[PDB]
Amino acid sequence: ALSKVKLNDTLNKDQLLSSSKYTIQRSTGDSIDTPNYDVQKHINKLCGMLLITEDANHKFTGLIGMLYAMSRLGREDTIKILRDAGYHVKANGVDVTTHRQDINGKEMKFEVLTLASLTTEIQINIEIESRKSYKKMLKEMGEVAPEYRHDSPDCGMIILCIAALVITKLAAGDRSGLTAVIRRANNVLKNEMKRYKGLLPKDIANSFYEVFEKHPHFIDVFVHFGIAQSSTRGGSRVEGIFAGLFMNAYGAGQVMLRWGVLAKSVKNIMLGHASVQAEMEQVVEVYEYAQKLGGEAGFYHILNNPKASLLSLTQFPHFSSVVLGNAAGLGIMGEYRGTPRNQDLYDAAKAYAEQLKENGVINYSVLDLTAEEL
Amino acid sequence: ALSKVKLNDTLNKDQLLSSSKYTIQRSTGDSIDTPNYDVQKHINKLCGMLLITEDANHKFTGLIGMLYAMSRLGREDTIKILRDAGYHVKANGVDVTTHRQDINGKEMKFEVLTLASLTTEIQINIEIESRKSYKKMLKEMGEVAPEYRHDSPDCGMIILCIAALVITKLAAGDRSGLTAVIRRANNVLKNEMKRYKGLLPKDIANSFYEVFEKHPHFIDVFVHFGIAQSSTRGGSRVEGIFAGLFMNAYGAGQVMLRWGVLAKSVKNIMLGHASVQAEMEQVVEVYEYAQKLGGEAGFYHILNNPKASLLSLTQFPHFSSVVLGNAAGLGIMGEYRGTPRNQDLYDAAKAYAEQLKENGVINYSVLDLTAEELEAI
RNA sequence: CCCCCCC
RNA sequence: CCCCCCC
RNA sequence: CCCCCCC
Ligand SMILES: O[B-](O)(O)O
Ligand SMILES: O[B-](O)(O)O
Numbered sequence: 002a003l004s005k006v007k008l009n010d011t012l013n014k015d016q017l018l019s020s021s022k023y024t025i026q027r028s029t030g031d032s033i034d035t036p037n038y039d040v041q042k043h044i045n046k047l048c049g050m051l052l053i054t055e056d057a058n059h060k061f062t063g064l065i066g067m068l069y070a071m072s073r074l075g076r077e078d079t080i081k082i083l084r085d086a087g088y089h090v091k092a093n094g095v096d097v098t099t100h101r102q103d104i105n106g107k108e109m110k111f112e113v114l115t116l117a118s119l120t121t122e123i124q125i126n127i128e129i130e131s132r133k134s135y136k137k138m139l140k141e142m143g144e145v146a147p148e149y150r151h152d153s154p155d156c157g158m159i160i161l162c163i164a165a166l167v168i169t170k171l172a173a174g175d176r177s178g179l180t181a182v183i184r185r186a187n188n189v190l191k192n193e194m195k196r197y198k199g200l201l202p203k204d205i206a207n208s209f210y211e212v213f214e215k216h217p218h219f220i221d222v223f224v225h226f227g228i229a230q231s232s233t234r235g236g237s238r239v240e241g242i243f244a245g246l247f248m249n250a251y252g253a254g255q256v257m258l259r260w261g262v263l264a265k266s267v268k269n270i271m272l273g274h275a276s277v278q279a280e281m282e283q284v285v286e287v288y289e290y291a292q293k294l295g296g297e298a299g300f301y302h303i304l305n306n307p308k309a310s311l312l313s314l315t316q317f318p319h320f321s322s323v324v325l326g327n328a329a330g331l332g333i334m335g336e337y338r339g340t341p342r343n344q345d346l347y348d349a350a351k352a353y354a355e356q357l358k359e360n361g362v363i364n365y366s367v368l369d370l371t372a373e374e375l
Numbered sequence: 002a003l004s005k006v007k008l009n010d011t012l013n014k015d016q017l018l019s020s021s022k023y024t025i026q027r028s029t030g031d032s033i034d035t036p037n038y039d040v041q042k043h044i045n046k047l048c049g050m051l052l053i054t055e056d057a058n059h060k061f062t063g064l065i066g067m068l069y070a071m072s073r074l075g076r077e078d079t080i081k082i083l084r085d086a087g088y089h090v091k092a093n094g095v096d097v098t099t100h101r102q103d104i105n106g107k108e109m110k111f112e113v114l115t116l117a118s119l120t121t122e123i124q125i126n127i128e129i130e131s132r133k134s135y136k137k138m139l140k141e142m143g144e145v146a147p148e149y150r151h152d153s154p155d156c157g158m159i160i161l162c163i164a165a166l167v168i169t170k171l172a173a174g175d176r177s178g179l180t181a182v183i184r185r186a187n188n189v190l191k192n193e194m195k196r197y198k199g200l201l202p203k204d205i206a207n208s209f210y211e212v213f214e215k216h217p218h219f220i221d222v223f224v225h226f227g228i229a230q231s232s233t234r235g236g237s238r239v240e241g242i243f244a245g246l247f248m249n250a251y252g253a254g255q256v257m258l259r260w261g262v263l264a265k266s267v268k269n270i271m272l273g274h275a276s277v278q279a280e281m282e283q284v285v286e287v288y289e290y291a292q293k294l295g296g297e298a299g300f301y302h303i304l305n306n307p308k309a310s311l312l313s314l315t316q317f318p319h320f321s322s323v324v325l326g327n328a329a330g331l332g333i334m335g336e337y338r339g340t341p342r343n344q345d346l347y348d349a350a351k352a353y354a355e356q357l358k359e360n361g362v363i364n365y366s367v368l369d370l371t372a373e374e375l376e377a378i
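Those protein sequences? They're chains A and B, same order as listed.
When you read off a place in the first sequence, starting at 1, and then add 1, the result is the number in full-length UniProt numbering.
When you read off a place in the second sequence, starting at 1, and then add 1, the result is the number in full-length UniProt numbering.
Honestly, the hints are just simulated from the structure, not real lab data.
Heads up, the beta-carbon is just placed ideally off N, CA and C, and yes, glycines get one too.
Hints are not guaranteed to be accurate.
[Said to hold, decoys possible] Calculated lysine-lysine pairs in the DSSO-like style (CA-CA distance at most 27 Å, straight line):
1. A:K268 <-> B:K268
2. B:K22 <-> A:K265
3. B:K268 <-> A:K42
4. A:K293 <-> B:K22
5. A:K7 <-> B:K7
6. A:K358 <-> B:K22
[Said to hold, decoys possible] Okay, the calculated bits of chain B under chain A, using three or more residues with CB under 8 Å as the criterion:
7. 14–25
8. 79–89
9. 99–109
10. 204–213
11. 249–255
12. 270–281
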């Protein structure tokens with residue numbers, strides 16, 4: 002039978018990768034700081050110091066943010082996530098030590114962390130500049146409220162909130178999302194920006210973009226932290242904001258998959274086209290593959306998962322075009338940098354979708370109506 | 002087939018979070034007082050002291066209320082709830098000690114608790130001001146009845162009754178509910194307010210609002226206490242009031258879910274609309290998800306559970322609008338701060354719902370009627 | 001190669 | 001982001 | 001909040 006002449010390449014390719022007899026292990030570099038729960042409070046204070054600092058130097062915030070996420074996971078778990086990801090790790094133990102240095106003649110004491118990635122000389126400067134901003138703040142308002150200070154438990158998570166926004170736009174893979182990252186960091190997180198002078202979306206977002214670009218293993222660390230954080234029973238409102246923003250990243254780099262379901266849901270006529278119907282057998286394969294993977298597939302593009310390519314609908318020019326057309330006709334795309342391979346099908350689908358948002362007839366068969374006198 | 006082109010994002014997102022291989026542990030701060038059952042009676046007396054005090058300082062009532070809830074749970078269980086929630090806890094043992102201090106020259110004895118959160122100096126002042134209010138009360142009525150005194154077992158739970166009302170309106174997350182909290186604390190809990198001069202709904206409600214804002218882990222403690230309390234076989238009438246008020250919180254921050262079932266139940270015509278029908282596949286996913294979670298989902302918004310966002314119907318502009326319309330047409334909303342994304346669908350649904358409350362024909366097929374002679378009646 | 005919107 | 005009523 | 005009769 003001609004029905005038997007088929008080959009499920011999408012499923013078979015996944016099968017090949019899922020059933021590997023051998024494994025690779027990547028060298029991360031020299032050393033990774035793995036802070037445990039004991040150091041967590043200190044990192045939160047360090048995060049707060051950057052947040053209180055007016056016109057702060059967010060060169061290290063991306064890395065500091067990562068340290069806080071790791072301190073929440075705790076040494077044991079963070080090492081486990083690094084090893085499970087496929088990395089050879091030389092773990093550096095983070096401990097609190099008192100450093101004595103004479104700044105402006107007067108000998109001063111500082112509580113610093115034993116970090117390889119962060120110098121003790123740069124750590125003291127974060128505290129130095131924060132104290133300047135704190136005394137200026139104390140001079141302006143007399144007494145500083147718990148909301149405006151570096152001590153606040155929200156501090157670490159506030160920084161990680163923009164990290165969740167960076168992760169949201171990593172699918173583009175070129176820092177193009179930065180504008181949207183800043184925009185959203187202003188709409189959401191508005192109250193947080195009021196309390197902290199150092200909450201500079203652009204500055205912090207670039208720092209995280211840099212850390213994820215320079216250290217791709219940290220993106221795996223963050224994604225797994227975010228999931229672990231989102232597994233919690235409850236928490237603060239800032240922790241709720243983070244969880245929401247982190248979940249906005251789920252399904253990034255696979256918008257066509259969701260827009261495809263939309264086109265079906267709105268019943269765009271162009272889906273029934275002969276050239277679109279030819280692709281159907283194979284488009285179902287990818288949808289069934291996406292269904293099979295479940296939650297796992299959500300962060301496939303964020304973390305550069307090799308199997309992310311398998312979820313592409315771009316390989317089907319006709320279906321992608323009607324899907325993209327429907328999205329344009331419903332006015333839901335833009336400035337989406339996706340181009341339709343078949344222009345005629347796109348234009349036809351865009352036209353029908355534009356006509357759909359003008360009509361709308363009531364389907365009385367859906368409702369459980371008895372004696373109708375309507 | 003085009004029927005196969007689907008993706009259950011709601012279910013998959015939950016699956017991802019439910020199957021986490023790794024865990025986070027949060028630092029609560031420095032120390033949390035974990036009082037055991039032995040200290041429970043003392044806290045109830047302290048609660049009673051604030052309740053007998055005319056124009057009492059309810060600055061610490063939110064925290065004292067939490068201590069009573071923890072003393073009912075008992076050290077072991079409270080530590081367990083804190084650890085299960087995802088918090089690193091340095092437990093402080095609460096013990097009763099006698100403190101001698103000379104107030105107005107005369108050396109006085111006081112029974113105080115070894116609390117980190119509450120100073121022994123502030124504890125004595127609660128007792129000092131209560132004694133003043135007690136002697137004034139003794140001068141007014143001669144003999145003080147068991148209902149009017151601080152000794153009463155209801156005291157601790159009376160304070161926790163307004164804590165249940167605060168928890169009821171935490172979904173708004175901005176203290177906006179305070180007006181309703183006070184209002185309800187007057188309708189319900191009316192007899193309790195008669196017996197206690199210090200039962201100031203506004204003052205106590207703000208204290209609990211503050212404690213839940215400053216210490217988010219305490220909201221987890223309270224919710225779990227409330228469930229544990231509501232698991233009881235029986236109790237006092239005040240304990241019954243609490244249980245009822247605590248259960249009013251179940252499903253807060255998810256009113257649209259319940260109003261959606263209402264729209265279906267009343268058979269609002271606008272549900273059959275083309276743009277509403279397109280969303281249907283996905284709206285069922287969330288309803289089935291809510292059905293799957295069961296009782297767990299009830300306090301998802303109260304405790305800032307990460308998965309609470311997944312229960313939102315706001316992501317479906319058309320369905321939400323008809324649901325909100327039906328709620329307005331039936332006159333059940335207001336002043337609900339929810340805005341319909343599709344105005345035309347809302348107005349159409351509001352109109353139909355208004356027409357529904359005017360009609361009403363009897364459906365005789367529902368009843369198990371045999372030989373019908375009602376048409377003659 | 002894949003990706004690219006909004007929230 | 002989510003939420004927001006009444007009881 | 002719930003409840004509220006009779007036997
Ligand atoms: O543990 B180290 O090497 O002191 O940082
Ligand atoms: O147990 B403590 O430390 O005495 O309160």
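**Study point:** Violating hint indices (sorted, rising)
**Key:** 2, 3, 6, 9, 10 and 11
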